[PDB]
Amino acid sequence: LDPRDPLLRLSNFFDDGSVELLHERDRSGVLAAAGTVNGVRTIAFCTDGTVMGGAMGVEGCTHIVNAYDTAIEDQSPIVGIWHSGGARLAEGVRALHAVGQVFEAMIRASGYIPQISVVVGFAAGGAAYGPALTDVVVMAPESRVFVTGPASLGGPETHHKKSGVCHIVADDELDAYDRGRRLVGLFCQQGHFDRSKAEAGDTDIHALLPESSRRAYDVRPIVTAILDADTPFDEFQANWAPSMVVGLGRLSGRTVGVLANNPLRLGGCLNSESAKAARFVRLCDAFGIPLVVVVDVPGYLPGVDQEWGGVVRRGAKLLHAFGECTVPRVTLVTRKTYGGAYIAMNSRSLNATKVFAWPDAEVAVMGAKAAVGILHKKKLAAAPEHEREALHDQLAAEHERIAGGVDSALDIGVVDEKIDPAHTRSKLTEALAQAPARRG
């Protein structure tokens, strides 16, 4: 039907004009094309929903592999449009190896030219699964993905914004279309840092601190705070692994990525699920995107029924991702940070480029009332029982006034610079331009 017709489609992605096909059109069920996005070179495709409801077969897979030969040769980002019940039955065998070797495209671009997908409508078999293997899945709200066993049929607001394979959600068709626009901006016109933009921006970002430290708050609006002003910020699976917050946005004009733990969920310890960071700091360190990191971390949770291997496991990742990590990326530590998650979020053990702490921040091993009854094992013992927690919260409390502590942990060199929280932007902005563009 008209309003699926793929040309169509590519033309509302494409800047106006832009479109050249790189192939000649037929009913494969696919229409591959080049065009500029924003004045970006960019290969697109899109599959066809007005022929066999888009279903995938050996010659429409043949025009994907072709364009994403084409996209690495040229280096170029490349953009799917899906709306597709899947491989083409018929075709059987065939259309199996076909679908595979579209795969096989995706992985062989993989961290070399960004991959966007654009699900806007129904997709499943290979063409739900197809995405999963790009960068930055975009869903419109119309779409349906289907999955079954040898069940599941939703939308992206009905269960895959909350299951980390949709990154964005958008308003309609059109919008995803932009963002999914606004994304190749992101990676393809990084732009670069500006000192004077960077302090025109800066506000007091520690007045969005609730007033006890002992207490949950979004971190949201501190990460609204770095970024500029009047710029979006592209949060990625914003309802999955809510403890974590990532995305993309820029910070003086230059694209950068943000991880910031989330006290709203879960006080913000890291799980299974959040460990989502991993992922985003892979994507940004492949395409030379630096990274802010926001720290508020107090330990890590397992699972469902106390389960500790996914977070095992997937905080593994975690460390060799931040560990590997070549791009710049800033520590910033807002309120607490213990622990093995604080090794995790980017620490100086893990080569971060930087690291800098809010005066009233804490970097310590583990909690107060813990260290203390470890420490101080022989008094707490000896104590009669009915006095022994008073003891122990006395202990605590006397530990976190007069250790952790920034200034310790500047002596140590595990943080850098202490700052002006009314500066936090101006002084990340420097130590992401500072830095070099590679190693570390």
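Definition used throughout: the rigid core is the maximal C-alpha set that superposes within 1.5 Å between two forms. Numbering follows the first chain given and starts at 1. First, how it differs from the form deposited in another entry.
Just one of the listed positions, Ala370, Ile72, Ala286, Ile107, moves its Cα by at least 2 Å between these two forms when the rigid core is held fixed, and it is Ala370. In this overlay on the rigid core, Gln189 has a C-alpha that sits less than 2 Å away from its partner position between these two forms. Once the rigid core is overlaid between these two forms, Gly413 does not reach a Cα shift of 2 Å, moving by less than that. Core-aligned CA deviation for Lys317 between these two forms: less than 2 Å.
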Second form
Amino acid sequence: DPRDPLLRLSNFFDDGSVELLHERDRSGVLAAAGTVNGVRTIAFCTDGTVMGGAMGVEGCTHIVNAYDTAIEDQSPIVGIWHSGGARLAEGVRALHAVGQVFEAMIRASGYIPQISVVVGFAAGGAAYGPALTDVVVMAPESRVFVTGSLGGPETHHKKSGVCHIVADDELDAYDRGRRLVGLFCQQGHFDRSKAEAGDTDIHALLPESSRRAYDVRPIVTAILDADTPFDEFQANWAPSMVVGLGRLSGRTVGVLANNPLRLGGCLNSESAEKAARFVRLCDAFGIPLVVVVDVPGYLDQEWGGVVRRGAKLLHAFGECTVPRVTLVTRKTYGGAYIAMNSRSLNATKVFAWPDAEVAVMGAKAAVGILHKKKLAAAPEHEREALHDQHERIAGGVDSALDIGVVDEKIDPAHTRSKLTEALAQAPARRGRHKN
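Now show me the form deposited in another entry; what you just gave was the form deposited in one PDB entry.
One chain, no partners, no other molecules: that is all that follows.
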């Protein structure tokens, strides 16, 4: 019973806003219409009461048919899933039908938003169905068994990064996917005198010694208003990188944080494809980003990936064209400085904190190449000179600022203020996707 297409669409749509494309084609899916918090959205849920939900010819039809609506009406499209993959009896006709939907999504990839919202079953093509989409909000009772196990969002929030969002309950998946279509579509404009009310000294949320770890998620809370955002995609994945979407003086912004709590904020292969996909997202949807840099470097020692698996994040920033402001609070080193929306990748503006050092090796201590033939093997007795124990008399801002690659130094009380100011001064832009 509760797996009813209309009962469900009725749960996502604000009640009396619903329409209906295809017949009550009791085939597997229902493709209704209507708005989300006001803004119109083509959708499609699947009937999990009618033959497993396994996607068939007839059922796929309205699905694809619904694409070319939302695609023609440049309105967003959403899919509350619940399918045991393809209908084994239909032969290939279904396989074909299962496969036209894929390409139905792929054509929308960045033209309209494509939230998927999986409530339960999700296998085979329906396991790849929402892969192609843009944001996967998994329902706490949704599983994934496509063997050609165990099931759950708890396994994808971590490990696989497959599921973008775990929901408090299936009903929240309706409530969650409903804001992502608002943020993707009611980003609105900026507001100069609205962050002014919330100019917290953000440097307060920073450790004492630039050596003592912390968690950047709390810092984030400050830059974003109080309502009520994050809405950060798989926190449990790429733990040294906390990406996430959200509003700022009304206007919606992508946020990519380098969380030093885990791995010391250090980037890596698995840490890139989080960002690397998250940037081109807010890029291909005209959403400003913010970069909160505090990363030492990048790495057991899997070279099995890295170089390629880290090139793409540069490619994410270097090809991106949305308004994007960077800021460094402490760290920013080497080929990782470069990789964090720096000027060499065409940043909008780049900001920094009082002790926001910027070097290719660090500073305490990063001299063991310059001072190579000295600070060496006389005793190891008293390593307080040392090398170990330049730094303060360089690195910070001006050491990179007169060079221009950093644009300013700022009072963190009005950290929020600055970005918003810097972000409001670029033009709206949006790109494509592929080659």
